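A.B. asks: Fit chains T, A and B to the known structure of chain W by using the hints.
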Amino acid sequence: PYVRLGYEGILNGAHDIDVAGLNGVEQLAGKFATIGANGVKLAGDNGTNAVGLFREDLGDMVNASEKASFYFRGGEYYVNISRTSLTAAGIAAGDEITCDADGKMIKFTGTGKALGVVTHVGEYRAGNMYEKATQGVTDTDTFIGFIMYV
Amino acid sequence: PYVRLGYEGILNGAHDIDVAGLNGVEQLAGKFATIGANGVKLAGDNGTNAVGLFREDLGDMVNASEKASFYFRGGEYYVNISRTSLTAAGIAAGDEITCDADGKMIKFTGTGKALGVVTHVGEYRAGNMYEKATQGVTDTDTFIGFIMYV
Amino acid sequence: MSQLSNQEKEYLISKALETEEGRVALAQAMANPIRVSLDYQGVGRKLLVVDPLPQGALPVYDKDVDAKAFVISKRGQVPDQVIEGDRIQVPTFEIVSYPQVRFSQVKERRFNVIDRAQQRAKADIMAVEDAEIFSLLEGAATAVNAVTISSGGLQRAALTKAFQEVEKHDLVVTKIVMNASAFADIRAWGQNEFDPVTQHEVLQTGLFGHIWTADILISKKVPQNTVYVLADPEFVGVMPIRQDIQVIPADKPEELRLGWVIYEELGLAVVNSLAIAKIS
Amino acid sequence: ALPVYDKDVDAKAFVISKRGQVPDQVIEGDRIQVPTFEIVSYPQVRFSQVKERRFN
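Residue numbers (PDB author numbering), protein chains in the order written: chain W, 16 to 165; chain T, 16 to 165; chain A, 1 to 280; chain B, 57 to 112.
The following block holds chain W by itself, in its conformation from the complex:
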């Protein structure tokens, strides 16, 4: 530390919680972005970014696609609690990343029952649910980084 982000190089100024599942535990490890087969000349930086709506479209790889509002179904959110700095750039490999959703308790966004949606890069916006939506149907005592089972 501090501000490091490499140079030997441990903080890493980004902490993302592996929230263990419920009724038998479930995990999923941080996913890389690669198009088809496994990345050559390093695998680059993660497809997943803390505070972003992604969907796996490949087994060990995660990519773009945004879950459309209307008729309640499961997760594929992979919201991870926001890190400090780098919040409109995504998060780079060598910082803390995970996936949270799908058979486990998740990280929520938005304070009260008033919710809106998330951009990929780590920013939050307002917006009503009318062609896209993020996160489960609101419950009592739901704030940012709170544990909803979905």
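Rather than coming from a laboratory, the hints here were simulated on the basis of the structure.
One or more hints might be untrue.
Claimed, not checked - Derived CB-CB ranges, DEER-like:
#, chain 1, residue 1, chain 2, residue 2, range
1, W, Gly74, A, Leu268, 46 to 54 Å
2, A, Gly22, W, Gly39, 38 to 46 Å
3, B, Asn112, W, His30, 39 to 47 Å
What the hints assert, rightly or not - Only part of the chain A face toward chain W is listed, based on derived beta-carbon distances under 8 Å:
#, residue
4, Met1
5, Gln3
6, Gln7
7, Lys9
8, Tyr11
9, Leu12
10, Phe235
Here a beta-carbon is modelled for each residue, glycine too, at the ideal position from N, C-alpha and C.
C.D. replies: Frame of chain W, contents of chains T, A and B only:
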């Protein structure tokens, strides 16, 4: 979707040819075992034959079916004495086979009575000629993959 | 995302949606354009070839009459076979990067040509495709092998052997590993036996052309002239089809690219074409 | 897996590529020189630009 029928993609098991009837002995006036009935190795139509039944088209080679069913000739439909076929091409053991002509259980192929023509998948179906010579069990409507005693 | 699959972040540095070609082919095995082509119609193939003739022979005493002969033939059947390859594509990806589209077609064509040579020689048949030509043809000629003689030497030595046989030879049909190994296993001199290494000899051996077909297998060399031994009947030629009306591609943005041909094989001299396996 | 069937198992011609991003890069070296030594010795200046350019 997509289902093979004949040609070495159907498994018809194995059946014993020394079961039922009189059983002759090992002698000549036989014919060769190969895939194809006038073909060459790895190129032959095949019925629902396993052990029992195989009809020469050209050469003195056997594999299942193929030969006009208006007139059956050659002495019975040919049966195997004291080797049991280990393929489900009908016969295609890869040896010279010594054949017999005692009453001996066979495997049939194709719907309806053989008294017709040949279908080029390795089957019998009804032709323009009727009241032609039948095979094995009579008085009894035969169907595709019936077990007949000659 | 913040990147497509990139190494760094676009937001930090670097912009562009223009990107160069990365896709490339591997393992050529052409022999169909080398061979002659025929149209065919019909849903199966039957061929007839002439066998040896039954004539009389007199090794001792000539005054008598040789026994007469008549034209005797043996049969082969060839069922149609289908040669294909499929590609799953993402149109958004294709339109943005740019060359992928051109690469896919030219690769599919090469790929059809490649698979066809493999089944025709041999590459595992299930009794549903053209017969295994490589098996049926003439065994290993022990005579060529001078006993403890170089691999490259074997390929030179074999070429002449086919000329003694009275079969046309224009060219060497060898396996890729056998050819490399043949080049590497040369005498005690830098200069190779086919011609020196200051001449281009990468693509020619014995002063005859080199045809690389895969699945002719290691330690085997087959001399022939390709046109003569076999002939290629084509039931339907190579055609691409592209489907967004297929069930699983429709739902998605994805487009499915099929590349296929339906082929058959004729053998004009499957009863000859010399081959050897090194015993050295 | 090479052709052996039609619309059971089919072989794939499919080739895959991923995009990677390259930043602009700098190769550089600096040489520090004092004018007095350089001026009296006389070829040092010229020697230093060529030797530096080559070195990097």
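A.B. asks: Determine for every hint whether it applies to the structure shown.
C.D. replies: The hints, checked one at a time:
Our hint of 46 to 54 Å for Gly74 (chain W) and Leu268 (chain A) holds, since their Cβ atoms are close to 49 Å apart. Here the CB-CB span from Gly22 (chain A) to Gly39 (chain W) is close to 43 Å, well matched to the stated 38 to 46 Å. For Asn112 (chain B) paired with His30 (chain W), a C-beta distance near 41 Å keeps the hint of 39 to 47 Å intact. Look at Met1 (chain A): its Cβ gets to within about 5 Å of chain W, closer than 8 Å, so that hint holds up.
Here the hint on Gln3 (chain A) is kept, as its CB sits about 6 Å from the closest CB of chain W, short of 8 Å. For the restraint placing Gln7 (chain A) at the interface with chain W, the shortest Cβ-Cβ distance is roughly 4 Å, inside the 8 Å limit, so the hint holds. A hinted interface residue such as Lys9 (chain A) counts as satisfied when its beta carbon comes closer than 8 Å to some beta carbon of chain W; here the least separation is about 5 Å, so the hint holds. Evaluation of the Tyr11 (chain A) hint against chain W yields a held restraint, the C-beta minimum of about 4 Å falling below 8 Å.
Taking 8 Å as the C-beta contact cut-off toward chain W, the hint placing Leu12 (chain A) at the interface holds, the least distance being around 6 Å. With 8 Å as the threshold, the beta carbon of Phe235 (chain A) stays out of range of chain W, its nearest partner Cβ sitting at about 33 Å, so the hint is violated.
Against the hints set out earlier in the document, a violation occurs for number 10 only.
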